[PDB]
Amino acid sequence: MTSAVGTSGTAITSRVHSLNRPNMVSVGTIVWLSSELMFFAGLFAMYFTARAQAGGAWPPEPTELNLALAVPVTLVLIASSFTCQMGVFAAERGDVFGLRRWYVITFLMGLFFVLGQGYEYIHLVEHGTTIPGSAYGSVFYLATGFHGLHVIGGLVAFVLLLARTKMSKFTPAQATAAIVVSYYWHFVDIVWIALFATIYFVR
Amino acid sequence: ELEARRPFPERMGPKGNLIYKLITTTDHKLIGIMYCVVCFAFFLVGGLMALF
Amino acid sequence: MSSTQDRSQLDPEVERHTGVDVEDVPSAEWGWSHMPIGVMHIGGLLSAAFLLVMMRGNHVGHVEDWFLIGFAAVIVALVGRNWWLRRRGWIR
Amino acid sequence: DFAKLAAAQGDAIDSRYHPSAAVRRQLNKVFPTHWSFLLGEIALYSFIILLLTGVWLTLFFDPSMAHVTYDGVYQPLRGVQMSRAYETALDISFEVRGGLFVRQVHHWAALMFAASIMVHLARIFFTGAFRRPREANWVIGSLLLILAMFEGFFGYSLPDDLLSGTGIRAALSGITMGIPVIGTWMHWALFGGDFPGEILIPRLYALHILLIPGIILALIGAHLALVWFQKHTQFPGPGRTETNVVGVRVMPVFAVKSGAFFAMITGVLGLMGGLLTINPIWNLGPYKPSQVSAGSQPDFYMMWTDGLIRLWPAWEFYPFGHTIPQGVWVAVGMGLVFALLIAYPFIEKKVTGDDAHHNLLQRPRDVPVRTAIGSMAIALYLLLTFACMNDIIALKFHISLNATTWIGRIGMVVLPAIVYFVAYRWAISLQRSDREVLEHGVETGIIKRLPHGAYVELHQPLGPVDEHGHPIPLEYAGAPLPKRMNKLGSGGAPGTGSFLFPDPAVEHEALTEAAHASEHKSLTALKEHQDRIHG
Amino acid sequence: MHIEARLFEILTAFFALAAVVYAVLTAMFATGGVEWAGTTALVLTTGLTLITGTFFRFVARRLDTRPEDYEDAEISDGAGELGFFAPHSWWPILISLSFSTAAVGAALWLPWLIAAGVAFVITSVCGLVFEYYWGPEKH
Amino acid sequence: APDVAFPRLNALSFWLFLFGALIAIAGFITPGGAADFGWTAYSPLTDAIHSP
Amino acid sequence: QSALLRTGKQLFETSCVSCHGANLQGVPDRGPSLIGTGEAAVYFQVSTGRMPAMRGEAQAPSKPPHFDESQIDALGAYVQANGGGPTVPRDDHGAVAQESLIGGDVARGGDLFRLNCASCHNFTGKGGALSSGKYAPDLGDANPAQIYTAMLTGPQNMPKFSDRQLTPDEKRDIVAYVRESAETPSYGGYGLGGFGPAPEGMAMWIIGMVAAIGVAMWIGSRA
Amino acid sequence: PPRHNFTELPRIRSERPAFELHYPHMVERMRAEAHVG
Amino acid sequence: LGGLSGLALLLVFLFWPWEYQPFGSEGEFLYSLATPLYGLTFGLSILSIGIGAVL
Ligand SMILES: CC(C)=CCC/C(C)=C\CC/C(C)=C/CC/C(C)=C/CC/C(C)=C/CC/C(C)=C/CC/C(C)=C/CC/C(C)=C/CC/C(C)=C\CC1=C(C)C(=O)c2ccccc2C1=O
Ligand SMILES: CCCCCCCCCCCCCCCC(=O)O[C@H](COC(=O)CCCCCCC[C@@H](C)CCCCCCCCC)COP(=O)(O)O[C@H]1[C@H](O)[C@H](O)[C@H](O)[C@@H](O)[C@@H]1O
Ligand SMILES: CCCCCCCCCCCCCCCC(=O)O[C@H](COC(=O)CCCCCCC[C@@H](C)CCCCCCCCC)COP(=O)(O)O[C@H]1[C@H](O)[C@H](O)[C@H](O)[C@@H](O)[C@@H]1O
Ligand SMILES: CCCCCCCC/C=C\CCCCCCCC(=O)OC[C@H](COP(=O)(O)OCCN)OC(=O)CCCCCCCCCCCCCCC
Ligand code: HEM
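Residue numbers (the authors' numbering), protein chains in the order written: chain A, 1 to 203; chain B, 10 to 61; chain C, 1 to 13, 22 to 100; chain D, 4 to 538; chain E, 1 to 139; chain F, 113 to 164; chain G, 72 to 294; chain H, 525 to 561; chain I, 95 to 149.
Watch out, some of these pointers could steer you wrong.
[Stated by the list, open to error] No farther apart than 25 Å at their CA atoms in a straight line, the calculated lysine-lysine pairs in the DSS-like style are these:
{"hint": "1", "chain 1": "D", "residue 1": "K490", "chain 2": "A", "residue 2": "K169"}
{"hint": "2", "chain 1": "B", "residue 1": "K38", "chain 2": "D", "residue 2": "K524"}
{"hint": "3", "chain 1": "D", "residue 1": "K530", "chain 2": "E", "residue 2": "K138"}
{"hint": "4", "chain 1": "D", "residue 1": "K451", "chain 2": "B", "residue 2": "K38"}
{"hint": "5", "chain 1": "A", "residue 1": "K169", "chain 2": "D", "residue 2": "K32"}
{"hint": "6", "chain 1": "D", "residue 1": "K486", "chain 2": "D", "residue 2": "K32"}
{"hint": "7", "chain 1": "D", "residue 1": "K490", "chain 2": "D", "residue 2": "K260"}
{"hint": "8", "chain 1": "E", "residue 1": "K138", "chain 2": "D", "residue 2": "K524"}
{"hint": "9", "chain 1": "G", "residue 1": "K134", "chain 2": "G", "residue 2": "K80"}
{"hint": "10", "chain 1": "E", "residue 1": "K138", "chain 2": "A", "residue 2": "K169"}
{"hint": "11", "chain 1": "B", "residue 1": "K24", "chain 2": "D", "residue 2": "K486"}
{"hint": "12", "chain 1": "D", "residue 1": "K291", "chain 2": "G", "residue 2": "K134"}
{"hint": "13", "chain 1": "D", "residue 1": "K260", "chain 2": "E", "residue 2": "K138"}
{"hint": "14", "chain 1": "E", "residue 1": "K138", "chain 2": "D", "residue 2": "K486"}
{"hint": "15", "chain 1": "D", "residue 1": "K260", "chain 2": "A", "residue 2": "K169"}
{"hint": "16", "chain 1": "D", "residue 1": "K291", "chain 2": "A", "residue 2": "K166"}
{"hint": "17", "chain 1": "D", "residue 1": "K490", "chain 2": "B", "residue 2": "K30"}
{"hint": "18", "chain 1": "D", "residue 1": "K524", "chain 2": "D", "residue 2": "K32"}
{"hint": "19", "chain 1": "D", "residue 1": "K486", "chain 2": "D", "residue 2": "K451"}
{"hint": "20", "chain 1": "D", "residue 1": "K451", "chain 2": "E", "residue 2": "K138"}
{"hint": "21", "chain 1": "B", "residue 1": "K38", "chain 2": "B", "residue 2": "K24"}
{"hint": "22", "chain 1": "B", "residue 1": "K30", "chain 2": "D", "residue 2": "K530"}
{"hint": "23", "chain 1": "A", "residue 1": "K166", "chain 2": "E", "residue 2": "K138"}
[As the list claims (entries may be wrong)] Ranges of calculated distance between the beta carbons of each label pair, as one might list FRET restraints:
{"hint": "24", "chain 1": "A", "residue 1": "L108", "chain 2": "E", "residue 2": "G38", "range": "57 to 65 Å"}
{"hint": "25", "chain 1": "D", "residue 1": "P322", "chain 2": "C", "residue 2": "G78", "range": "33 to 41 Å"}
{"hint": "26", "chain 1": "C", "residue 1": "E23", "chain 2": "D", "residue 2": "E478", "range": "16 to 24 Å"}
{"hint": "27", "chain 1": "E", "residue 1": "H2", "chain 2": "B", "residue 2": "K38", "range": "53 to 61 Å"}
{"hint": "28", "chain 1": "D", "residue 1": "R100", "chain 2": "A", "residue 2": "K166", "range": "42 to 50 Å"}
Simulated from the structure, these hints should not be mistaken for laboratory data. A virtual CB, placed ideally from N, CA and C, is assigned to each residue, including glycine.
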């Protein structure tokens with residue numbers, strides 16, 4: 001125990017030196033996100049089959065999408081992605097507290113998006129459309145609510161990473177953790193853009 | 010000019026050396042062995058169904 | 001580095025010279041570490057006997073009796089294997 | 004002038020009496036700061052909450068089987084014949100402000116009391132806090148646990164209810180009346196005659212508000228006095244020996260943290276009394292022998308006795324013109340369970356041979372046979388507890404009721420053995436892990452050696468390092484070892500500014516340097532005290 | 001990472017071709033027009049491989065030729081400090097058990113066992129992630 | 113290589129396999145039994161109406 | 072009605088003749104004969120969905136109905152005409168009565184429920200376990216007509232409560248109690264299911280005890 | 525295998541590093557006949 | 095927070111629609127969470143006091 005057998009100032013460090021080598025955590029996160037893309041592909045297939053088998057009026061008469069509440073939430077999610085990227089820049093720097101600020105506002109805006117989605121869910125359920133109520137209702141709820149579960153998972157990842165940064169000193173390991181969490185958030189917002197363009201505009 | 014080896018390698022090992030590894034295993038080699046044993050157990054379980 | 005080594009003198013009092029050894033149980037001196045093998049053999053045999061005896065009961069069922077038979081059989085097989093191996097010096 | 008008033012009151016106290024020396028001894032008494040030593044405090048605090056809520060409940064409860072039509076406020080039970088006990092329990096629930104909350108927090112406090120007694124028993128048994136000294140403390144603690152079990156049994160049976168009255172009819176009546184030589188005589192003397200005798204609930208009320216709680220209070224006083232004057236044992240550590248107590252003094256730190264823990268425990272109990280529904284007696288209609296539900300379970304502490312009743316395989320003996328019902332089997336089983344629990348320390352000392360005065364606990368891994376036996380016993384207890392719940396387990400988790408019953412029957416001899424073997428081997432493997440850490444240092448990230456492609460985990464030794472790379476192995480000292488550089492001085496100094504914004508560099512450097520100096524001072528003090536004791 | 005990126009680029013080319021041809025030959029020459037399930041699955045597996053290949057290509061252009069990618073690379077060239085590979089840990093089994101308790105809660109429609117399995121999963125994932133960051137206890 | 117990229121993750125993968133596999137086998141202990149529908153588990157036969 | 076009978080026959084012939092043989096006689100060892108079961112039995116069973124049954128097991132589980140109210144009525148009319156038996160209640164208009172089956176007295180309904188229903192179901196209509204793979208299901212999904220018809224025709228391992236045994240007024244009171252107990256909010260917090268001891272003990276051990284142990288670990292020092 | 529799979533690594537030149545390691549003489553041969561097929 | 099929650103307990107206990115409400119009645123929702131509010135306020139108050147003391 002003279003000084004240390006492992007000449008490192010962090011019990012946990014980057015899994016490989018990322019300057020010359022790929023970041024293993026980033027590579028794994030990217031691959032897993034590419035798989036989650038196929039999960040959402042299955043959901044999209046369900047939705048598109050229902051759309052094709054609909055008899056012309058794809059959103060049934062009882063259902064009526066609320067763009068007034070669907071445009072603000074997607075705009076807020078895009079803003080959350082931008083703030084998450086700013087936090088990523090902070091993490092690339094040594095700016096622990098800048099990363100914390102950016103990720104906190106990102107978490108707040110993601111929570112606002114989740115609450116807006118829940119409000120639209122409540123309004124839609126009140127106005128007839130329901131999972132058991134109709135095929136459109138069910139496919140729409142499956143797609144958008146599985147995305148909402150993914151957003152909740154991203155929120156959990158955000159708070160968990162923030163706790164990690166609180167409890168241990170900022171290092172390339174935590175910077176990479178923030179980077180991969182941001183990759184997940186960007187994937188979530190991209191699939192939300194796809195779902196918005198499909199559900200609301202394309203219909 | 011000669012090596013002092015055991016007459017035979019250790020057969021099994023001391024009591025209580027594997028059980029905690031399995032729970033805390035992080036060596037891919039041990040995990041791969043756990044896969045092979047567990048997967049083969051399901052082969053016997055699944056294979057017994059075919060006999061019925 | 002921010003850790004201090006520990007010095008411990010616990011009062012000892022069987023003297024562990026017979027039974028289990030540190031090579032088999034590293035903390036043999038620190039606490040009760042040896043259960044006589046006869047105890048476990050007899051316990052397994054009595055557990056198998058109890059499982060078999062539960063067949064006698066007020067149940068018209070038969071898969072229950074067969075499950076009891078199977079579990080008692082595997083218990084007896086384990087006890088017999090252990091006893092035989094220790095008799096021969098842990099061979100085969 | 005609060006300071007003047009305090010000084011004058013201290014002078015008055017020390018003039019009227021002379022408690023200076025005794026009070027100083029109490030304040031200077033050192034208590035180890037291990038978390039597992041607060042498990043008994045949980046039970047003590049839950050007991051205090053139980054007393055406080057029980058007084059309030061007694062102010063409103065009327066024990067009697069005197070039949071009455073409700074004519075209260077709860078509409079779904081109106082004009083239905085019920086006992087005064089049930090009627091006043093309903094009155095507490097509905098027609099008394101906060102009465103539902105008080106009774107719910109009372110029942111939740113009872114459940115936490117039982118659970119914390121069980122956890123404290125596990126702690127002491129597995130750490131060996133009973134051998135040579137404190138063995139009588141363990142004995143009276145076992146009596147205390149039994150008394151708590153039966154106290155809760157009489158408590159949730161106190162409001163004459165369908166569920167609890169069915170539980171009484173099963174256990175108190177059938178088991179008591181099945182006992183061979185004096186079973187019916189005990190039944191008639193407890194119930195003042197047949198089962199629905201008009202004195203059962205008043206007798207249980209006496210037993211539950213005064214008699215059994217009085218004995219529990221006396222035994223808790225004896226328990227705490229024994230812990231106080233037979234200084235609390237401690238885990239092996241740097242400066243901890245069999246002839247000292249390393250920890251914190253009563254006055255500044257221990258007292259404040261114990262009071263805060265009491266506050267937090269009562270907060271948890273109140274939160275659960277509010278947010279979680281316990282014993283909805285209004286849903287559970289008044290007791291009638293002809294009515295019953297499908298659940299029919301006792302509280303989780305008597306659930307193991309009920310599970311024993313369910314699982315035991317209907318073995319009845321019929322001597323010459325007599326019957327020996329299956330109730331005697333479970334009665335003898337409970338007797339054996341309690342006898343073994345009470346007499347374990349003496350059984351353990353007779354078996355092993357250790358009567359040495361033990362003040363240093365032993366980690367459960369360091370005693371494979373005892374931790375194995377405790378794991379086996381906990382497995383049997385869990386098996387019985389879930390056997391009692393097999394009805395709801397079968398209902399919700401789709402498993403046939405016969406299958407659950409026979410799973411319990413077979414497991415209660417198979418599962419204890421499996422858990423014994425697994426726990427024994429697990430303890431020995433924890434010892435092996437400790438030894439490997441001692442002889443090789445903590446594990447870290449892998450490094451590829453320069454000349455060749457060797458991979459080495461780049462360990463970190465915990466002791467003096469030999470001239471070459473490998474360290475001098477240390478000797479196990481009965482204390483936990485750090486298996487992660489995480490928990491050592493490695494990557495543990497985040498910017499001390501705030502969650503959102505930093506602080507000035509001068510302040511951060513001052514704070515971190517002061518903290519590092521304090522850690523050095525503490526470690527050096529422990530090291531020097533250890534050297535002085537062992538040299 | 002040229003070959004690593006080019007593998008996914010080839011997969012992207014093939015999957016894009018498959019998606020396009022399937023979409024065309026299902027819009028025309030199918031009983032009910034575009035299938036809308038195979039088409040979407042092919043499009044988004046093209047997206048899977050496209051994302052992976054694009055990231056790999058970005059990294060290949062960002063990083064100089066690694067010893068691993070370099071033929072005639074000596075072992076000493078790559079010899080050095082490999083990063084942190086997690087040693088023994090018992091959090092994975094707890095995560096698996098928590099997710100299994102959520103899964104059985106979903107199968108047997110028990111909202112209470114779903115709610116608890118999810119709590120369980122959050123706790124165990126927090127434990128796994130914080131395993132090597134929980135600073136020394138400060139007393 | 114010395115180990116897999118995420119050696120705690122591959123440990124989770126094995127345990128997810130083991131416990132995920134067990135709860136599928138668990139259909140047998142239920143009174144109804146395991147899944148009637150074949151391995152393919154075609155849609156109409158799998159809905160709550162069929163194989164409930 | 073002629074067309075109602077014809078529709079019931081057409082649904083029967085392509086739904087259940089494989090296990091309730093044509094002519095309504097039961098297929099030996101696949102299904103019982105439906106002669107005498109009546110319209111109430113058909114309504115309850117098919118509406119709860121148990122009858123499009125795709126396995127012979129300990130108990131036929133509930134499931135989404137395979138027929139809409141009109142087809143349920145068609146099948147019930149067909150079975151009633153073939154066999155003749157109990158009929159589902161109906162309101163003034165003609166639809167299956169739902170609110171009319173809510174008996175006025177709830178204390179009487181609860182007493183009757185405890186004497187007869189709680190025996191196996193629960194204190195408040197949650198489920199209960201039975202001998203070999205069977206179970207009394209939760210009543211919170213059943214609507215008043217379903218509860219009334221369940222009593223009227225003992226579906227499976229359930230005693231058959233005739234009108235003579237439980238006058239329709241008593242059955243209406245029991246229905247009122249069932250619906251009231253199902254729709255009534257838990258006073259005092261979250262009723263953990265409806266079973267007291269077991270859900271309460273689990274919630275103690277998981278919520279209160281983990282909180283206490285975690286707080287103790289926070290306050291104290293590992294060693 | 526030792527924990528971490530290796531105390532050494534041979535010169536990696538082809539798809540058979542261990543064959544080259546154990547039979548150095550074949551190294552030239554494995555290249556000479558490779559293209560003949 | 096402990097003090098504010100204690101004051102909340104006091105105010106809720108003194109002024110809240112307690113008392114049983116028969117069924118499906120206006121005020122049944124308030125009654126259903128009357129007792130939960132008592133427990134929430136009380137437990138939160140004393141728990142926050144304990145957390146402050148521990149800190
Ligand atoms: C609707 C309705 C009726 C609602 C109310 C519900 C009801 C009926 C009752 C509950 C209501 C109440 C009154 C709740 C609060 C209960 C209560 C007294 C909580 C106190 C906790 C609190 C407020 C702490 C504030 C924070 C703070 C500054 C703490 C430091 C100062 C304090 C309070 C120190 C208290 C120390 C303490 C717990 C003394 C307990 C005395 C007893 C019985 C034993 C002492 C003792 C202890 C505590 C050991 O641990 C121990 C361990 C080993 C050997 C011996 C001992 C020993 O003798
Ligand atoms: C605490 C739990 C751990 C227990 C540990 C002990 C392990 C040993 C388990 C022993 C299993 C015994 C199973 C046999 C039991 C038996 O004899 O009953 C039978 C039913 O067979 C079965 O399914 C057998 C199922 C066996 C699966 C056991 C699964 C073990 C699980 C529980 C382990 C997970 C534990 C989770 C731990 C949680 C930890 C909590 C912290 C028949 O009933 P029945 O249904 O009436 O069948 C009639 C026909 O017979 C008749 O022809 C026909 O006519 C019909 O009438 C038909 O009904
Ligand atoms: C940590 C402290 C916090 C404690 C939790 C406190 C939660 C407070 C909730 C809000 C205030 C009280 C609401 C009372 C209103 C209310 O009661 O809540 C039911 C919901 O009920 C459910 O389903 C459960 C839904 C899932 C969410 C709650 C799960 C919490 C569990 C996990 C807590 C215990 C811990 C156990 C750990 C388990 C793991 C063990 C290893 C909702 O109605 P419903 O759903 O329709 O009930 C059906 C009648 O209708 C119908 O007739 C009747 O027949 C029934 O079917 C009935 O369910
Ligand atoms: C690897 C083994 C592989 C064994 C695999 C066999 C699986 C086949 C089982 C059931 C198939 C469905 C039939 C279902 C009906 C049953 C057949 C029958 O009728 O067989 C005649 C009598 C009962 O007559 P009963 O009329 O049912 O009436 C009775 C009262 N009234 O039983 C007998 O003698 C013959 C015994 C019949 C089954 C007993 C099987 C139980 C468990 C075996 C061992 C468990 C081992 C555990 C190890 C730890
Ligand atoms: C010593 C440990 C004690 C335990 C484990 C315990 C347990 C219980 C339990 C579980 C109940 C059922 C509450 C309900 O169903 O709502 C109960 C009821 C009751 N307890 Fe205790 N109790 C204890 C001490 C006391 C004390 C000291 C008193 C009096 C000061 C008391 C007075 C009462 C009363 C009057 C009832 C009836 C309340 C009702 O019917 O709702 N208890 N007890």
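Quiz prompt | Violated hints, by number in ascending order, as checked against the structure | solution = 2, 5, 6, 12, 15, 16, 20, 22, 24 and 27
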